[PDB]
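Participant: The lines below spell out each chain.
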Amino acid sequence: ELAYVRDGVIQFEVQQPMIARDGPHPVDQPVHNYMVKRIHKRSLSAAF
Amino acid sequence: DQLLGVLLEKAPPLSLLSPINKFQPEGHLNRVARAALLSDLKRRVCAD
Amino acid sequence: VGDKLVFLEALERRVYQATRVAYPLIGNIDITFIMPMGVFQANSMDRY
Numbered sequence: 098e099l100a101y102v103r104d105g106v107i108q109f110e111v112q113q114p115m116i117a118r119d120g121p122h123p124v125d126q127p128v129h130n131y132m133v134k135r136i137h138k139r140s141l142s143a144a145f
Numbered sequence: 194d195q196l197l198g199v200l201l202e203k204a205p206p207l208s209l210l211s212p213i214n215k216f217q218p219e220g221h222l223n224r225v226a227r228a229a230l231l232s233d234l235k236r237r238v239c240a241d
Numbered sequence: 387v388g389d390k391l392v393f394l395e396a397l398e399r400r401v402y403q404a405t406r407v408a409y410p411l412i413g414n415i416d417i418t419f420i421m422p423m424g425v426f427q428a429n430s431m432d433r434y
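Chains as they are written, first to last, in PDB author numbering: chain A, 98 to 145; chain B, 194 to 241; chain C, 387 to 434.
No lab work stands behind these hints, which were simulated from the structure alone.
Backbone N, C-alpha and C define an ideal beta-carbon position, used for all residues, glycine too.
Careful: at least some of the hints might be erroneous.
Some chain B residues flagged as far from chain A (calculated, every beta-carbon gap over 12 angstroms) [stated by the list, open to error]: (1) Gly198; (2) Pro206; (3) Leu207; (4) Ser208; (5) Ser211; (6) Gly220; (7) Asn223; (8) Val225; (9) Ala226; (10) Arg227; (11) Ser232; (12) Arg236; (13) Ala240.
Think about it this way: if two alpha-carbon atoms lie no more than 20 angstroms apart in a straight line, the pair counts; the simulated EDC-like pairs of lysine to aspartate or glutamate are [unchecked claim]: (14) A:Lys134 <-> A:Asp119; (15) B:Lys235 <-> C:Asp416; (16) B:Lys203 <-> A:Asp119; (17) A:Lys134 <-> A:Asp104; (18) A:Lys138 <-> A:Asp104; (19) B:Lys215 <-> B:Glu202.
Only chain A is shown next, with the shape it has when bound in the complex:
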C-alpha cells in the first residue's frame, strides 16, 4: 500500500535554552533552520 502513499514528513526539533555553566562562549542570538525533503525515484528495467 506504500505505492499509493506519497512522501510524508519528518520530525525535527530545536532547543534554545538559557546558558549558565560552561566555557566563555561569545554571546549569540537564537536562530532557526529550514530544511526540505526531496527524494527522487530510481528503478531499473528488465525484459524477456
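Add chains B and C to chain A, keeping to what the hints say.
Facilitator: Here is chains B and C on its own, set in the frame of chain A:
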C-alpha cells in the same frame, strides 16, 4: 563554569622545578651558584 | 598500577559533550627567531 575564571586559573610550572627546591635545604647560595642554577634550569626547559 | 590508586573516569564523553565548548587547559608559546648576518674567515679557514 569558566565565565567566572577567578578560581579556575592555576597553571604553575613545577614538574621540572620540584627537585631543584627539594635538593636544597635552605637555598642561601651565592650569586655565581644562583646564576649557574638558573642557566641549568633554562637549558633543561629548552631541551625538555 | 604500581603503588598508586587514583580515581580516573572518562569525563570527556560526559562533560561539554566534546562538541559544545573548546577544550580547556590549552597552552601557548611565543618564541622569536633571529638571523645574524655572520662572520667571514680570519685568514684561510673557510673551506676544505
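Participant: Decide, hint by hint, whether the structure agrees.
Facilitator: Status of each hint after checking the structure:
Non-interface status of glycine 198 (chain B) relative to chain A is broken: a Cβ of that chain comes within 12 angstroms, the nearest being about 7 angstroms off. The non-interface label for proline 206 (chain B) is consistent with chain A: the shortest C-beta to C-beta separation is roughly 23 angstroms, beyond 12 angstroms. Separation of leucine 207 (chain B) from chain A is adequate, the least Cβ-Cβ distance of about 25 angstroms exceeding the 12 angstroms criterion. Annotated as non-interface, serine 208 (chain B) keeps its C-beta farther than 12 angstroms from every C-beta of chain A; the closest such distance is 25 angstroms.
Consistency note on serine 211 (chain B): stated as away from chain A, and its beta-carbon is indeed over 12 angstroms from all of that chain's, at 30 angstroms minimum. The beta carbon of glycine 220 (chain B) is kept farther than 12 angstroms from every beta carbon of chain A, the shortest such distance being approximately 39 angstroms. Against the 12 angstroms criterion, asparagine 223 (chain B) stays outside the reach of chain A, whose nearest CB is about 47 angstroms from its own CB. No Cβ of chain A approaches the Cβ of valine 225 (chain B) within 12 angstroms, the least distance being about 46 angstroms, so the stated non-interface status holds.
The non-interface label for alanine 226 (chain B) is consistent with chain A: the shortest C-beta to C-beta separation is roughly 44 angstroms, beyond 12 angstroms. With a cut of 12 angstroms on Cβ distances, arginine 227 (chain B) stays outside the contact zone with chain A, its closest approach being about 40 angstroms. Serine 232 (chain B), annotated as away from the interface, keeps every beta carbon of chain A farther than 12 angstroms; the closest lies near 39 angstroms. Look at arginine 236 (chain B): its CB is around 36 angstroms from the nearest CB on chain A, clear of 12 angstroms, so calling it non-interface holds up.
No Cβ of chain A approaches the Cβ of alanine 240 (chain B) within 12 angstroms, the least distance being about 34 angstroms, so the stated non-interface status holds. At most 20 angstroms may separate the alpha-carbon atoms for a hinted pair to count; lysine 134 (chain A) and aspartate 119 (chain A) exceed this at roughly 35 angstroms. For the given pair, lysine 235 (chain B) sits about 16 angstroms from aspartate 416 (chain C) by alpha-carbon distance, which is consistent with the 20 angstroms threshold. Between the alpha carbons of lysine 203 (chain B) and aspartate 119 (chain A) the distance comes to roughly 18 angstroms, so the proposed pair stays at or under 20 angstroms and holds.
Distance restraint check for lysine 134 (chain A) and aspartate 104 (chain A): the Cα-Cα separation of roughly 9 angstroms lies within the 20 angstroms cut-off, and the hinted pair is therefore satisfied. Restraint check for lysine 138 (chain A) and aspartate 104 (chain A): satisfied, since their Cα atoms lie roughly 11 angstroms apart, inside the 20 angstroms limit. Restraint check for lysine 215 (chain B) and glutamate 202 (chain B): the C-alpha separation of about 25 angstroms exceeds 20 angstroms, so the hint is violated.
The structure does not agree with the numbered hints 1, 14, 19 stated previously, though it agrees with the rest.
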